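Listed below, chain by chain, are the residues.
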Amino acid sequence: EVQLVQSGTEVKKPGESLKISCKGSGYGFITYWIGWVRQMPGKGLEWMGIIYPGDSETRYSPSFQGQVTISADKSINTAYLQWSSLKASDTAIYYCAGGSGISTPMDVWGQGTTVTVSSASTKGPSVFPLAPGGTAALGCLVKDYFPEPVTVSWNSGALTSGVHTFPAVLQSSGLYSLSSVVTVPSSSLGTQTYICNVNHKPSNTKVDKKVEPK
Amino acid sequence: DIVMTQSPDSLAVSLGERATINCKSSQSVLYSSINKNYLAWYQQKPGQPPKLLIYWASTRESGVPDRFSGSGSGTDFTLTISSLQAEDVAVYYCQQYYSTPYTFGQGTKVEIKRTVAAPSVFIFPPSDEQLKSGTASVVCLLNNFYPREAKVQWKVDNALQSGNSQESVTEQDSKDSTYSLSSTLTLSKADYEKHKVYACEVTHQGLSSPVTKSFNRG
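Those protein sequences? They're chains H and L, same order as listed.
For the first sequence, the residue numbers in the deposited numbering are 1 to 132, 139 to 220.
Residue numbers for the second sequence follow the deposited numbering, so the first one is 1 and each next one is one higher.
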């Protein structure tokens, strides 16, 4: 059995250096050549480089030739990918994958690491209500938070039917915001209570918002 | 470098019908000696690392069902699915492990075709707790519609607004195979109380005339 685990997600400012650890375990990791691949938030996949512990890290992409340095430490079987200096475009998810030889497909993958570069500070969100043919819409607007992500559930999780939580959108100020919505029959609009439980772990904030029309 | 282009940017097919994806190469990925091509296919679903689905253009992996069959050789390759099921909605890539550096494909999202559905449009005025903060944000919501391609336009006193609203769409709903859209118009308090009426205008192929739903301030 072959596995690959990556380090925790990272938040930084443009300028510093950082590194991702990709550790391998299982029967016969020795033969596996590890490649790195980036997935920018909106776009798709793109191959950065490949390296074999034991150092034949010869292969890079021309697009990523001058940007980053990769490496490996055979002793602990991990493998790293390095950055001299970050920019705002470096915010992406990064995976390490394994193939058994030079010209082989990447059969086994890692969990992936999210990196965020912003020059912005961590701040707790602000929640606001979204109150109104028997299809009354409700919602919560979670505004101006950083960094990602937040977890929003409804009514303590009891209610699930018709709930939509949109992906975050990075705004002008460099902070995120998203909205959750649920449609309910008009007949329940005073009788039943609606509370959205947003959770933002980086700011350690837990907010419950009761939405009501008037 | 060898560049690969997948044929359909967006591809929508009904349930149980076959789908077709193709890849093309400026060079050849076939080593004549062993007659084996060096092209793989991966699948990835939203919020999860990509999983390999085919190696050498025809060989599957341990978890890959017999419904997925690779094909082609040389410079045209085809990923064919015999019967599209609900769990197979994902984005597929094709890469080459022939000559380094290695390259991935553009991407091919697979929707589930369904009878065209009209959005349930709702309009939300900004909260009073947000006005005390200093900025107002009007929200326009589109609920349960197909296809995904729809567009909304903001009007303040029927003055066209642009570049001030940011959009956000959901993934294809697994149960009813539909989407939802939220457009957030962020504005300042002083400018919000300078005008009277606020309107969001929706256009979609599922509606004969553009639907506009709007609120008057107060």
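Calculated directly from the structure, the hints in this document are not laboratory data.
By construction, the Cβ of each residue, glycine as well, lies at the ideal position given by its N, Cα and C atoms.
Careful, some of the hints might be misleading.
In silico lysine-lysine, PhoX-like type, Cα no more than 25 Å apart, as pairs [unchecked claim]:
no., chain 1, residue 1, chain 2, residue 2
1, L, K155, L, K113
2, L, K45, H, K43
3, L, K151, L, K196
4, H, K220, L, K151
5, H, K216, L, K151
6, L, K24, H, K43
Take a look, some chain H residues computed to stay more than 10 Å from chain L by CB distance [to be verified]:
no., residue
7, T104
8, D107
9, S183
We went through each hint and held it up to the structure:
Pair hint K155(L) plus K113(L) does not hold up; C-alpha atoms about 33 Å apart against a cutoff of 25 Å. Under the criterion of a C-alpha separation no larger than 25 Å, the hint pairing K45(L) with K43(H) is consistent with the structure, at around 14 Å. The straight-line distance between the Cα atoms of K151(L) and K196(L) is roughly 24 Å, inside the 25 Å bound, and the hint therefore holds. The straight-line distance between the Cα atoms of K220(H) and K151(L) is roughly 30 Å, outside the 25 Å bound, and the hint therefore fails.
Our distance criterion of 25 Å between C-alpha atoms is broken by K216(H) and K151(L), whose separation comes to about 31 Å. Taken as a hint, the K24(L) and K43(H) pair is honoured in the structure, with Cα atoms around 20 Å apart against an allowance of 25 Å. Once the 10 Å rule is applied to beta carbons, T104(H) is inconsistent with being away from chain L; the minimum gap is 6 Å. Residue placement check: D107(H) does not keep its beta carbon more than 10 Å from all beta carbons of chain L (closest about 5 Å).
Distance check for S183(H) against chain L: the nearest CB is about 7 Å away, which does not clear 10 Å, and the non-interface claim fails.
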